[PDB]
Structure formats: C-alpha cells, structure tokens
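Just the one chain here, laid out as structure tokens, in the form deposited in one PDB entry.
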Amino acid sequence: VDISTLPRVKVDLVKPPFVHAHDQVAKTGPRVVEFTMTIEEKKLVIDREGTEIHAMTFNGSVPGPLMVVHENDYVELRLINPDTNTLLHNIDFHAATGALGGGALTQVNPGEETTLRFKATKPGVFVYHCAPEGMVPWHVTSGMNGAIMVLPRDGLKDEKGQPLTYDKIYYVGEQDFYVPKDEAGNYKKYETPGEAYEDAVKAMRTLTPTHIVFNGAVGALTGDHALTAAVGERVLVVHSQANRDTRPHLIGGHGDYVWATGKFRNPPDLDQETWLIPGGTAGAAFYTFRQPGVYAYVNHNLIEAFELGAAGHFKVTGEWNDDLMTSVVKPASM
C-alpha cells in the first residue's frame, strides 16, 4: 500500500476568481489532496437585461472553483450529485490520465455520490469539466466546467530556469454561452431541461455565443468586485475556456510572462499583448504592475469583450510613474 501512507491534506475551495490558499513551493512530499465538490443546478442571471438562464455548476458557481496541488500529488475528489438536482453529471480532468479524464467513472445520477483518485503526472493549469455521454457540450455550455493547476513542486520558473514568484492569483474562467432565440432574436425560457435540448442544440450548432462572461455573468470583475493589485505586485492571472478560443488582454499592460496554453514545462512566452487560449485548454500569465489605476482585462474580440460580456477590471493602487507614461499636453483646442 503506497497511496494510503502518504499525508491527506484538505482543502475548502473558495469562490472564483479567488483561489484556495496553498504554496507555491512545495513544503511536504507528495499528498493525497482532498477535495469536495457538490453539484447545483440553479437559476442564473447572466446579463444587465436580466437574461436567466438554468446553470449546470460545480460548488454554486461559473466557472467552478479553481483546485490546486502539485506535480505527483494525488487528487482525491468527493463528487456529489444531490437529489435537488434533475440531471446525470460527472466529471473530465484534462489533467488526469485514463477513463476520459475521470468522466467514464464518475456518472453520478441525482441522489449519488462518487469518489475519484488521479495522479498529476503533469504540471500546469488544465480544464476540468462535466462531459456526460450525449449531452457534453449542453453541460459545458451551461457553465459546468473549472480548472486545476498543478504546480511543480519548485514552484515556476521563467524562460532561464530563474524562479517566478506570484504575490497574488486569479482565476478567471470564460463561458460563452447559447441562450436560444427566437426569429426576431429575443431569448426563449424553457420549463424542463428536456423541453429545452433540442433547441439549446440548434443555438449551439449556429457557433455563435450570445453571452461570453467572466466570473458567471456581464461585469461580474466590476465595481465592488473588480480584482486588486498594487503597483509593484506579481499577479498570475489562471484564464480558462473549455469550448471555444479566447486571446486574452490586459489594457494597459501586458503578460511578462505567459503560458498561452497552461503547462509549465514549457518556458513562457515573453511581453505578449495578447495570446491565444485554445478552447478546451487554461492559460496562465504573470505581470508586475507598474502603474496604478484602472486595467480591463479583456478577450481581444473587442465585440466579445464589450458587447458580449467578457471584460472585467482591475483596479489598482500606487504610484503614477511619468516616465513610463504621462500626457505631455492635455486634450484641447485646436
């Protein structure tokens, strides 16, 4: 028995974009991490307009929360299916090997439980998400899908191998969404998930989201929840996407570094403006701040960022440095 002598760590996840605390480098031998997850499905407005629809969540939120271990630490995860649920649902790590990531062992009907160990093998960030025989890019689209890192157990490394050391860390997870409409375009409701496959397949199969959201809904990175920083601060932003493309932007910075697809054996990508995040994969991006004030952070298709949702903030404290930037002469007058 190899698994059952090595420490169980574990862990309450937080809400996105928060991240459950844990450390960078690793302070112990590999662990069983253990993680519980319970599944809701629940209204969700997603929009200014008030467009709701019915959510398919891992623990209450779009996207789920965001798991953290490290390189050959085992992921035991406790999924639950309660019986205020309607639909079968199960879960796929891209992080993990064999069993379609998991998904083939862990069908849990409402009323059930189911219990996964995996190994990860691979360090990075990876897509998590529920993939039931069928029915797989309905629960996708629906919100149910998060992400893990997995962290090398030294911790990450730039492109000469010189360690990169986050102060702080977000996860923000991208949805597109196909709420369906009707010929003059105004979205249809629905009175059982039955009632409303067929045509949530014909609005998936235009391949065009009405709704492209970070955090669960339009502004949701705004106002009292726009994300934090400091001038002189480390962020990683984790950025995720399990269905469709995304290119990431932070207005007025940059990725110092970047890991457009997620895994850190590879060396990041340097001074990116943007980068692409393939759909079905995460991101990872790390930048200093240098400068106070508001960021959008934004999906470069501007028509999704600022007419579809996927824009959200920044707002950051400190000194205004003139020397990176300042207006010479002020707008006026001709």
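By rigid core we mean the largest C-alpha set that fits within 1.5 Å across both forms. Positions refer to the first chain, counted from 1. First, how it differs from the form deposited in another entry.
Core superposition between these two forms leaves every listed residue (123, 248, 216, 101) with a C-alpha shift below 2 angstroms except 101. Superposition of the core reveals a Cα shift of 2 Å or more for residue 184 between these two forms.
Superposition of the core reveals a Cα shift of 2 Å or more for residue 194 between these two forms.
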Second form
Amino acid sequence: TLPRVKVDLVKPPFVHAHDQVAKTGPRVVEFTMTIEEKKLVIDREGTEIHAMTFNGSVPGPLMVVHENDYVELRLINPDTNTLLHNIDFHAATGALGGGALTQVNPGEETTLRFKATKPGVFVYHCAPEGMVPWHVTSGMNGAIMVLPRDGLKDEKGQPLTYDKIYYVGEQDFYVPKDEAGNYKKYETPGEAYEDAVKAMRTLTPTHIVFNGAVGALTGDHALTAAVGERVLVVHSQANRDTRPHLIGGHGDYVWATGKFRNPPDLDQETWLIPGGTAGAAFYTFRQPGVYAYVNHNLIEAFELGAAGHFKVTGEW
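Okay, that was the form deposited in one PDB entry. Show me the form deposited in another entry next.
Since only the chain itself is given, any partners or molecules it might have are not part of what comes next.
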C-alpha cells in the first residue's frame, strides 16, 4: 500500500540526493548493490589487498531514508565473486529472515526489507558465519542514515539544516607480512585467509584509511565547502574505535554515537566513535583555507593513513 521510490547510490564520500525534511509520509525506498571482490591498492607503496566491497567501493555507499520508511535492498552477488556474503544492518530489528534467507553465494541475489524505526546513522556490514572479522576488515561495511521525519534539531529543539553532507568511512586493514617484513600479495581472497586471521589477532592495524586508501580524501579529492556553509559529516567505523577531529574547526553539534533521539553535544574538539558505530558531526565554516580531518590518534592519522583534507573557499 506504501508508495515506492528508487534511489541511485553514489560512491562515497558523496551522498545520493534526498530531502532533510521529508516531503511525504512513510515510503518504501528501493536500493540496489552489487558485491564486488577485487584487488585494491591502499597506500603509496603499491601495497595490494583483496578487498570485499559493496558497489566496488570502500566504504560502501551511504543510504538515506526517513524514520519509519521501509528500506528495501536488492543485494546481488555475481558469479565473478568467489565468496559467500551476508549483509547485516544495525538499523534493523531481528534476523531479517534468517541467515539461510539473507545469505548470498556467488551467482545468487536476494532482496531485504526492514522498517527503519529508529532515527540516526547506523553501520551496516557483512556478517558471514565464522568469517565476520575478515570481511569487515576487508572493506565490507558502510552506513545508512535514518533522518527524523522533519530533519535534524539542535539541543534546544530548533532545526539544523545542512548545505552539504559527506560520508567518511574509516577502515582498518591488517595486511600480513612475511619474515623479511615485506607485505604479502595473494591471487585470490581465500589464499589470504590463513595469514589474515593471524594478522588480525595482533589487534594492530597496518593501515587505517578514509575512503579506501591513504590520501583518498586529499589532493584533488579533498572534501569541499564554502565559508558560511553548514556541513554534516557522517563518520563510521565498523570494527575499531576512532576519534574524529577537524583541524582548525570543531564539531558544533555532534552525535558521537549517532542516534538523533538524543540531543547533540556542543563545541566538541574531538569525539569518540566506538567500533561498530556511526557518528555525525555538524559544523559551519567561518573561514577559508585548508582544514584537515583526522583520527586524533596522530600516529594512526599521519603514519597509518587516517587523514583527509577540506578545501574551503570564500573571503577571509
């Protein structure tokens, strides 16, 4: 009985078009994603890994719906892939049908549907029995935003409207090394499993990056904004704690654990986003220049890759 509306997901950090304040009532929003396993270069030294992704990107695209809409996803696992995948949504309640029904082997496809009853930004990631850590730390995760029917509100209940929105997915990678110390390459994901588990148990990442690779959000790929623009930055980490910080700016309004029924925190310099969570920060640029966006464990940002840039224009 509910009207359906198709959406075309875009590669992060960008987000598909949508209305902050819903212009209708509940609806069934239809999304589509194609799982893609592929080699990926994550740093400047040509370090390669077998990434497992949603739509060929790390992180997966940001989905945006409104409180009480129905999210319908068509997940496709082409026969070009070699592994089983089972998507999991933190915004949903229950098993969504059961592993047997959600699970998708190479050459299969399935449709999921659940009601987004809670407003906020949530993490979605793969959860294949016995290999959860592996898929998640291979890039198989993203986030979905469930906006309150009439947009975001400040601590006073007054509206907060953003002019721009970016989705920064933080990914921790655990690239296995040999005896010498050199990183290792593999022909297929499976051959990497053995060493991958061993590397993950060290609990020490070799790389921590935004949008899939070192520098992915710097240079000409830097995020953009103009003096006076209100920007919303959705940040997620599906497996490890992170602490975002906007160098030269602040988090005017922050939902560190990303759930909008809770009023936001003000004037945050840095905020902690727990592993397995998505967070959202709201900031209004008052000056031009270059603003870095980092994980404030500076070793993780400047050594392992967790840093990006914000190019802001306008007159000083």
